[PDB]
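Asker: Residues per chain, in single letters:
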Amino acid sequence: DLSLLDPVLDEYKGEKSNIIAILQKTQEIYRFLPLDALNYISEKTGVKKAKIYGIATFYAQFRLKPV
Amino acid sequence: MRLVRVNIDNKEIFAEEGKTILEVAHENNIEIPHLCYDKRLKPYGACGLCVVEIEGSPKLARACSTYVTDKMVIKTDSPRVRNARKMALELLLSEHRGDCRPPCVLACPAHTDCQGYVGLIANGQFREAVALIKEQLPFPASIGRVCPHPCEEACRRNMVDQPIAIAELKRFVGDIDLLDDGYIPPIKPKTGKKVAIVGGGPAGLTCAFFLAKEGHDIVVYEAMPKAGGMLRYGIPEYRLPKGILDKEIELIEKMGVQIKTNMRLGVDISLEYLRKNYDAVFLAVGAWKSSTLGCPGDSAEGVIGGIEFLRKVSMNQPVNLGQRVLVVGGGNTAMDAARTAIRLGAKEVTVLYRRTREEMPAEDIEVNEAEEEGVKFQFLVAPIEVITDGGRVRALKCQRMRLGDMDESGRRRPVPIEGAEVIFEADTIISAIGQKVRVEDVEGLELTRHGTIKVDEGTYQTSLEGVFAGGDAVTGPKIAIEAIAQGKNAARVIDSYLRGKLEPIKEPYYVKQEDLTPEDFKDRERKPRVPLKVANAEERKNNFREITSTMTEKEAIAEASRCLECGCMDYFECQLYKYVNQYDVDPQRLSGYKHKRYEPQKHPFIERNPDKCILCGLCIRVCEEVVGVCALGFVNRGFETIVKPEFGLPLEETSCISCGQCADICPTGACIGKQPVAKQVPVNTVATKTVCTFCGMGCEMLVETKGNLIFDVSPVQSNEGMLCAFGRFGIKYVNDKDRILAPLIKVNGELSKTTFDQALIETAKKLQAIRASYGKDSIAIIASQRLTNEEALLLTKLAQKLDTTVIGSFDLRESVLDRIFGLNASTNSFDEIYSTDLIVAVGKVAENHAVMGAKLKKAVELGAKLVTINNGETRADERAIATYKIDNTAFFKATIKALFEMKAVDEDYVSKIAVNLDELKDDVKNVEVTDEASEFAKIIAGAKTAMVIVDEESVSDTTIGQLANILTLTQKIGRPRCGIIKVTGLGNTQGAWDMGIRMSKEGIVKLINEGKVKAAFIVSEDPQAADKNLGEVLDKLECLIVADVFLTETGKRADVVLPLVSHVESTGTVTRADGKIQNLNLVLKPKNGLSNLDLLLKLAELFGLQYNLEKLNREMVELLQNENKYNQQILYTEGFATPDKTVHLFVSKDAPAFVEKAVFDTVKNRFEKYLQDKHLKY
Amino acid sequence: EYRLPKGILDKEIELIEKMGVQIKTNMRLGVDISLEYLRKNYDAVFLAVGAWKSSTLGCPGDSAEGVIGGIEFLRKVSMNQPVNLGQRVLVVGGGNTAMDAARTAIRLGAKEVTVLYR
Ligand SMILES: Cc1cc2nc3c(=O)[nH]c(=O)nc-3n(C[C@H](O)[C@H](O)[C@H](O)COP(=O)(O)OP(=O)(O)OC[C@H]3O[C@@H](n4cnc5c(N)ncnc54)[C@H](O)[C@@H]3O)c2cc1C
Ligand code: SF4
Ligand code: SF4
Ligand code: SF4
Ligand code: SF4
Ligand code: SF4
Ligand code: SF4
Ligand code: FES
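Protein chains in written order, with the entry's author numbering: chain F, 22 to 88; chain D, 1 to 1178; chain J, 237 to 354.
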């Protein structure tokens, strides 16, 4: 699913400096960061995809594997 | 500004303020290591190689970030700095998984670039392979014939099927080189130094070869009648023919070496003579005294030394053999003597060795071959007595021995067996148990206990000052390549000594992979080795004809294509290797866990290797800061960090545009750009600066070639130092083997090859027949826009000679700017993008031209304002203050009306400089002003200076005319930093238009359709492939003549097909999109020997036109001057080029703003099709 | 050219020039060079000008446009100069000039060529 992130992306829109918060909410929702969800975030907010992957994999709290 | 006074390495410098220490040291010839520093990017500070010690500061300061202040004392080579850099390099090496030089190169005693010339053979560059061999081996063919090839024992292909036939390939290329005139390396100017070399063997000849290259005067004193050493008087003719040796020695003599034969040291020449009249003396006498049998009766007649017997045989001197011959020994001498005796008519030849077969110093192949020829062997047998009856040897008594214990070698020691004795009947006994240095030749020298000359290791210097030694005279009997390596090292040392400073040989440190196992090559394709052609044993045991024969060219290429390419492709341009060589790095002390993350990729251009990444971040920083695509990024954190594309996807699945900047900026070969050649090979190339011709930005580049093949392309650090996908990677068509090199004419309804004269005659007669039958203006010339200015001018001259005004191009769009301003040209230059206040990028400016996208990014970063007008998404919309998505030119009419309404147009001045203003006001009086148009008008009016960048190949002419109107109304034309710049689609569109090619595709097609044009002369265009609808149009031509690089789909239907050459094979002049005149240099000579200008000049001379490059250049200069366009950075400064000298404001009806069109240029269309097939962007 | 290729002629003339003969082209007697000049600075003068003036038709209207001399037409064709041919060509004569002109016109794209001999 991708509509679950629709409110979060609507709350943190207008500024591309809130990507960590969006990633944290996605991590809470899906219990992980699927590549399709990262793609949807990258498309919706306008931040480059490599930046998204870097910020996601920087922290040990974000894990990209299904539970 | 202020001038700061600094002191770097005890040298006072007066630098400028706001400069880093790195820049000051670079501009003052002080070397500071750096790995993560680029001039276009902000400082990073990762590698920590540029640390320098600044007086007054306790910590080492990075030279890439610290700014020079007044009264600064900087030490860039203090021991603290050296230790810091060495530790950083050791830490970087601890995580490095690479191979600086392949195991084949390291196993060769001469360290010949085996991978290099093998790969050059696999590409068809035989002369380059020979030249690479001669950098370390002056005798390719001779050594390739006779060498145990230890390199094949270390070849990594042993782990897959079978080691590469390196010796066979070297012999093949040596034979090719000797067949024609041989290759002589360049000779440095004469240094006035005389060197005396004693001995004409491999060591002495190698020293002469590598000292004559330095410009010294070389004389070689040789005792024997002919030079060659044991390569001539040792190795027999069936293994090394003497004609090859003579040819190689003649090649050496062609370099200026004077070989005085029949001169002996101590007999004809004394050592004092050489020491007095020569600066340096190199002794290569070799071991020329065979060991005696060491048993009673060894002096009996019928016992002869092995090397003496072989020398007598080679010299054709009479020897005394018999029916029964025994050879005592197990080396090369014993086997050669046995086989020579077999070929000299001996009925039985038996070789006696004191050890067993396994410990035989001779090669297994030689022993097996001798067994096939008929040599018998006795092992574990040593001589103790010679039974002679009447002064002649009758037999020999041997004592059988057995392997008792270990020895000095540590393998096994043979000891005698008591009570075991055997009598072997003997008519001849050849004692070949080894050779020793002749004591007479080495008089007055300190001798090693073994009998060889004692020299200082690493300097090859004897006890006497100025006297050097090497080869078998120093090391004892070894293989020939060891002697050649000794000669080369001694030559380098002697050159250093002659220059004044004697420096011992220093062996570089290489990064090598020792954890490799065959399981790493389980996926490689298994290919059979080249067969060895060996003469039949029965037929070869009677003559001295050569046994093995050289491989064929097809077999050589197939064998060289089996190479695994073990060595690093970035070896000759890796800076990490240079730095670890500059510092005494000890990597073993810090070696530990090392990542293995390299997985092969399918990208056709860029190859990434995580195992050689030093994580400097340069690729990421250049893809993000300069290019602006941001397709790379860091992944993970800490020791696990890795540079990966977007979401770890393959580079083709990301937004990467294949510019190659990441490959060009990488220091340590982790990211590389694949060479446009058949087989990848790390070679030392030569770089020539030329100009890209694939669009009008005219980016300069350095083409790096080796032979007649292009091996790489690098950007020039002019501004952003960037190249797009085309300029960087589409140069691959130069090496393409599908290029036509000979003309084709229609015989019996089929195209077949002919000569240039006949083809050009046929072309001229066909054009003349068309003109005669169908009258004037019946021949169309459709010339590509990648030709030089001279070629376009010559085509215009020829069109005048054919009485045809149809001179145009299928890539040419209808012009609007010459009807407004007077000239179809860009008003300003690319240098005013940075200094303009507002930039209006119209069309796919960033997408089509990546370099222009980077330029716009830099300009906006500098302070400019960007407004992008397009229909779809653009990469420039990230930094644009206003973005407009339009599809009609009503937007520009509404903008004009909005400008008029807010009184943003000074009507007095505009009416003074621009006629046709009442009609424009009437035209825009009825359109409806939208919010977007009003905002754009407010932006345009509020800008002091404005530049309109228009992608000509994706923007309709109505849009260009409307933008010209907008610029004229707001008075943004004819002034510095204001104007319109057209980015043309091809390299020389502007030059072609200036020369006289000004007919669009539509006009030519219409003329053909009406039947007015009956013949076409297409120069490097592809109407058939690019457009299907043109296929019927080309059916209306009676005669079609095609001048193309490739046999295109439109060249297959022509009557005459003339071959063209690439732009790197043709010198001339091109014109940038802004009007700048640039020079096309000659990177390579034309493959067929005829340039495009030469071909067109021949064709024109067939019509009576006497022209050349200089005359055409002069006419081009006069043409540009007559239009006031020559060397003018800003156009219409004084007045516009219309006859009224006023602006004819563009009044027209609405139309689509942007158009999508194909590319008719052959090479650009082919590369675009290639990129589309590979799913790549640009 | 289909009867005598000009490459062979060029090679033979180059062979002649290799003997020391200096061939000054584009020099015309009476226009660039006067006979007095040659008679003054040369011991002997040999004139090999040849017959280079085609005969006119000798009938009224021979000067009308579209009527061209045979050797002049062949010289224009050989020099690759543009000639004004047409669908219909008639050659008046019966010598080598007439046949060469007819065959050249056939190869130059004329639909029908007719030779008129008295
Ligand atoms: C029978 C035989 C077979 C061999 N087969 C092979 C093989 O298959 N593969 C391989 O790799 N190697 C082989 N070798 C080894 C190779 O031939 C030698 O190791 C190599 O040639 C060493 O060359 P060098 O210059 O040290 O001395 P050499 O070539 O032995 O001699 C150098 C020169 O010194 C000259 N000289 C000697 N004394 C004087 C003096 N007083 N004044 C002036 N000049 C003098 C001699 O005339 C000679 O030309 C073989 C050697 C022998 C003897
Ligand atoms: S990247 Fe440089 S240091 Fe590493 S193996 Fe290749 S050449 Fe050697
Ligand atoms: S000279 Fe001998 S060791 Fe060196 S590359 Fe050739 S065959 Fe191998
Ligand atoms: S495969 Fe090629 S590069 Fe590797 S060791 Fe063999 S010859 Fe050298
Ligand atoms: S080639 Fe691709 S990844 Fe490399 S710098 Fe260019 S756009 Fe970025
Ligand atoms: S791949 Fe990128 S980060 Fe790694 S060494 Fe090359 S340029 Fe530096
Ligand atoms: S932008 Fe144009 S000139 Fe520059 S490299 Fe690309 S194709 Fe060549
Ligand atoms: S820290 Fe300055 S170049 Fe790396």
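Quick caveat, the hints were computed from the structure, so don't treat them as lab data. One or more hints might be untrue.
[What the hints assert, rightly or not] Pair by pair, the computed Cβ-Cβ distance ranges are:
| no. | chain 1 | residue 1 | chain 2 | residue 2 | range |
| --- | --- | --- | --- | --- | --- |
| 1 | J | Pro296 | D | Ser752 | 48 to 56 Å |
| 2 | D | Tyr1170 | J | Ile252 | 48 to 56 Å |
| 3 | D | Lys71 | F | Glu64 | 53 to 61 Å |
| 4 | D | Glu363 | J | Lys247 | 42 to 50 Å |
| 5 | F | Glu64 | D | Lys1052 | 41 to 49 Å |
| 6 | J | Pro241 | D | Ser752 | 14 to 22 Å |
| 7 | D | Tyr1170 | F | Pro55 | 30 to 38 Å |
| 8 | J | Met335 | D | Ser752 | 26 to 34 Å |
| 9 | D | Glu55 | F | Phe53 | 30 to 38 Å |
| 10 | D | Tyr1170 | F | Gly67 | 30 to 38 Å |
| 11 | D | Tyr1170 | J | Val351 | 56 to 64 Å |
| 12 | J | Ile342 | D | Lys1085 | 41 to 49 Å |
[Stated by the list, open to error] With a straight-line cut-off of 25 Å between C-alpha atoms, the simulated DMTMM-like cross-links for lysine to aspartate or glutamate are:
| no. | chain 1 | residue 1 | chain 2 | residue 2 |
| --- | --- | --- | --- | --- |
| 13 | D | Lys766 | J | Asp279 |
| 14 | F | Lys34 | D | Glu932 |
| 15 | F | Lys72 | D | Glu720 |
| 16 | F | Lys65 | D | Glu762 |
| 17 | J | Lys312 | D | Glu762 |
[Unchecked claim] If you want the ones that stay clear, here's a sample from chain F, every Cβ over 10 Å from chain D, calculated:
| no. | residue |
| --- | --- |
| 18 | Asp27 |
| 19 | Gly35 |
| 20 | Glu49 |
| 21 | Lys86 |
Cβ atoms here follow ideal geometry from the backbone N, Cα and C, with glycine treated the same way.
Asker: For this structure, which hints from the list above don't hold up?
Answerer: 4, 9, 13, 16
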